[PDB]
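This document starts with one chain, in the form deposited without 5-(difluoromethoxy)pyridin-2(3H)-one, laid out as structure tokens.
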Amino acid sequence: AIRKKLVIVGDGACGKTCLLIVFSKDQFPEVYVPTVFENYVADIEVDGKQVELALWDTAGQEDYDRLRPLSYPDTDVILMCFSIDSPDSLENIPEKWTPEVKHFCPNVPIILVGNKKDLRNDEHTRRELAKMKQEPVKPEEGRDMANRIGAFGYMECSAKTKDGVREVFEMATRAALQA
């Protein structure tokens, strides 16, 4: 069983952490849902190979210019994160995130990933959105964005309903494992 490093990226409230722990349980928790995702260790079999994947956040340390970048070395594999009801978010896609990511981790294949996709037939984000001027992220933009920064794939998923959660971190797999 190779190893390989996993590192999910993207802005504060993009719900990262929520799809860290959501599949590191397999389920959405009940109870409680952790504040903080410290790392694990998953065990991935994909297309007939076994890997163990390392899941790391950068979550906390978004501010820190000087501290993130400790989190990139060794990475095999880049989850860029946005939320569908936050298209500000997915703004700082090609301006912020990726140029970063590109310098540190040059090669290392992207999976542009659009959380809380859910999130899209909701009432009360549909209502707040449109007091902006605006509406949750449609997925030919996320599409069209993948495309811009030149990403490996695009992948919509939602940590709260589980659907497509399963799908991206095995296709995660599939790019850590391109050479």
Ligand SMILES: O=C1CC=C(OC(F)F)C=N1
Given for the second form:
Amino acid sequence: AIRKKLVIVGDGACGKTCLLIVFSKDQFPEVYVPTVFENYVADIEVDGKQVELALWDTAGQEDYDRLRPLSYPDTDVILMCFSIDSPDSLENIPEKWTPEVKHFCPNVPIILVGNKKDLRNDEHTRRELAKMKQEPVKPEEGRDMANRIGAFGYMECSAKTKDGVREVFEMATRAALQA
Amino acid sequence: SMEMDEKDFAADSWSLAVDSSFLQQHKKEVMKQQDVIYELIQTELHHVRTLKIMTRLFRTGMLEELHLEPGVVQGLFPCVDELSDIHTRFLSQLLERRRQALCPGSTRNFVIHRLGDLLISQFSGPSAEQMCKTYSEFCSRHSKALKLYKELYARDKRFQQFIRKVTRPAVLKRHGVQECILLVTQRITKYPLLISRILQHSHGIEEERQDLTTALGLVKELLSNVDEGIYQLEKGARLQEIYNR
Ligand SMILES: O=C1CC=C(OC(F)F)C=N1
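Return one more block: the form solved in complex with 5-(difluoromethoxy)pyridin-2(3H)-one, after the form deposited without 5-(difluoromethoxy)pyridin-2(3H)-one shown previously.
The next block holds the full complex; its first chain is the one shown before.
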């Protein structure tokens, strides 16, 4: 197997930690959801290629501009997360996270991932957002931002239901394999 | 890690570690607080263990089996002895607090009601100055350690055979040289996330909510200080490139 490195980035509310936890365990924990993610080395076989995908999180590093880039060296694929119940997390993707990722990871494929896709049809979520003249991120709005920032592709998932989770990581493996 | 502590922290949560009949006697809010306290200790046990792989398995193994130039092993594993001391002492204090709290006749049923004071002591005074000084030095030597590792693995045959040999067992899957280095750098930024969630379930005793609030502010100041003390060192750097930063 070949060794590939993945790093997930995005605002604190983007759900990056939950996504890494649910994929590494193949489960949304029934008893306790961990606060933090240490690291993990996933055994993945995509399109007949066997890969060891090392997973890394940047949660906790958001306010530390000199500690944070120490997670980037030799990254092969970047997952750039935002939350579908948070239009403000999407607006931060182009002029905050994108310039940083392109500088420390030049020529590294970026996959823009819309998380919490199950909250797009949630009534409590729609009621709360409507109070600040807002609504859940639309499918076309995610594609457009991914297109605009030069992302390799755009995907959606729900850490809660597991839907779309395996596909994101298999596609990241494929992106990490390309030259 | 030692078998005793591994078994005590083998469960995914505190609610699964204690006996069902003990768990049943507590309120939901207590269980929630104890699950986050358990995770902080369980991850501290893992952090110390990461540092023992670096000092005993990697560093000492290279000294006793390889012929490396003086200052190479130090360059690969900066501050590992100081870091191990800081975290083994902190883990000692956390584990003693759980031990004191055990019910008679039990090696697993406990409730930690006073974590705040221990956290204020760890992140204040001389021990805080030592953590700040040690991580400012470690994180500034992080990129140099990775580049030096990569250079050695690709050019030295016995170093490559050594790495492949000591990293072959399954329990070392996520613990290679570079993985240990990033694990250690990421550790400090995990503390405010764990402490804030503990504080979220520690409103029952006002003195405890206050101590946890103080501890959170202390951790953030330590982090802000470490972050301002970082400048990546580079093998064979020129003075001109440094003063034109
Ligand atoms: O064996 C696995 C582990 C994780 C997967 O992701 C799923 F949790 F979403 C799929 N198969």
